[PDB]
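Okay, here we've got a single chain as structure tokens, the form deposited in one PDB entry, with questions on binding and movement later.
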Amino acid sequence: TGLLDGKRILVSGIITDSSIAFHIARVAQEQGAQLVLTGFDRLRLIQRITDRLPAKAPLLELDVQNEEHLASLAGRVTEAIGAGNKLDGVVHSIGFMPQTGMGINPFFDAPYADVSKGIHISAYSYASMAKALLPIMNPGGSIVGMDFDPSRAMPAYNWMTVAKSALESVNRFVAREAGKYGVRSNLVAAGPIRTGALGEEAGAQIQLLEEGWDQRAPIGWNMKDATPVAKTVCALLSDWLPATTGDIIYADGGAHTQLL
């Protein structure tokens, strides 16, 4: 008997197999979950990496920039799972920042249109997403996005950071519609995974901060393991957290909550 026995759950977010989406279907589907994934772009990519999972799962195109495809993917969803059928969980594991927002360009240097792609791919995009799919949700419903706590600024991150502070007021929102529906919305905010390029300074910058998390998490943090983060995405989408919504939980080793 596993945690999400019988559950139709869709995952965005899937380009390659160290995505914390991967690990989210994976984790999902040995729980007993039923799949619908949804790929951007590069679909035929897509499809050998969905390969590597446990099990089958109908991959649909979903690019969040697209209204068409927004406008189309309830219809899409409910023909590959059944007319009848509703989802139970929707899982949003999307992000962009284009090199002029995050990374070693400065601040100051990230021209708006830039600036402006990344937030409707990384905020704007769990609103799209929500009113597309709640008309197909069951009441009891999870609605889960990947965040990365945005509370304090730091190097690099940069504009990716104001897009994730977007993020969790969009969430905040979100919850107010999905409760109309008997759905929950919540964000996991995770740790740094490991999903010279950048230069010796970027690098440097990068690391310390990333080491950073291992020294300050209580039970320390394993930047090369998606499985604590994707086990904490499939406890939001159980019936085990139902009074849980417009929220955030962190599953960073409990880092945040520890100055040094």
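For the two forms, the rigid core is made up of the largest set of C-alpha atoms that agree within 1.5 Å on superposition. Residue numbers count along the first chain shown, from 1. What changes on going to the form deposited in another entry:
Lining up the core between the two forms shows that one residue from 235, 70, 49, 206 moves its Cα 2 Å or more, and that residue is 206.
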Contents of the next structure:
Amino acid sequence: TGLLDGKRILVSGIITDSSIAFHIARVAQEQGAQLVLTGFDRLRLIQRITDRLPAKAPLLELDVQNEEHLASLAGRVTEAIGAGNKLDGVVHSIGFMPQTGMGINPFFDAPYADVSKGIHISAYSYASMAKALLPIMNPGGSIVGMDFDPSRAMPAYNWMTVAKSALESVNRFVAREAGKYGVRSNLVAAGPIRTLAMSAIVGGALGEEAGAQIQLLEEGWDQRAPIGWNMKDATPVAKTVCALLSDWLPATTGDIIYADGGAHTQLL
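Could you switch over to the form deposited in another entry, since the one displayed so far is the form deposited in one PDB entry?
Coming up is the bare chain, nothing alongside it.
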């Protein structure tokens, strides 16, 4: 008997089999959830990736910058899960920032057109997904997004840090709106996981400093985490998200759960 038996959950943000969203979906399925997946831009590729999941699941296009995709999303989900059924959970596992807002590119040289795009996708879209999907969510349901602790500044993450600070504020407002429907909204602040975004976005922006990134991640997380931290294992983050999709954190909303091995609780 699974933790998410007969729960219908939408999971956004799969692009490879390392994606945090991919492992969220895998664990959600292992625990009995029926999924609907959304993907951006490269749907042929994403389709081959989602075939490696333990179960088949419908896949829908969603570019969170596209008003038409958002306006139609609720309709397309209803059609995929059966007319008269609703969602019990929604997972926002999406982010973007142009190269200029990251890495060794100077912080002050990022033009606002680039920063604005990153905040649109990384923070505002949390509200636009909730707006589109709350009308088809059941009471008891849960919305979850992915965060990276932005309360202190750090090298390289630069304007993505600013986007996450924004996302944290958005989550608290979404929680107010979602409360009317009996729905929780929370973020999971994950420790670092090797994914495409880590490597191509953050690691690409670092140039020949990429060694520096690993060293910092080692300092900031495995060394600090009292139970350690393994950047090649997304399972603990995925389980944490499933905990929030479940009935087992029923009194938590507008909040942030840290799945970082405890690193943020330790100074060194």
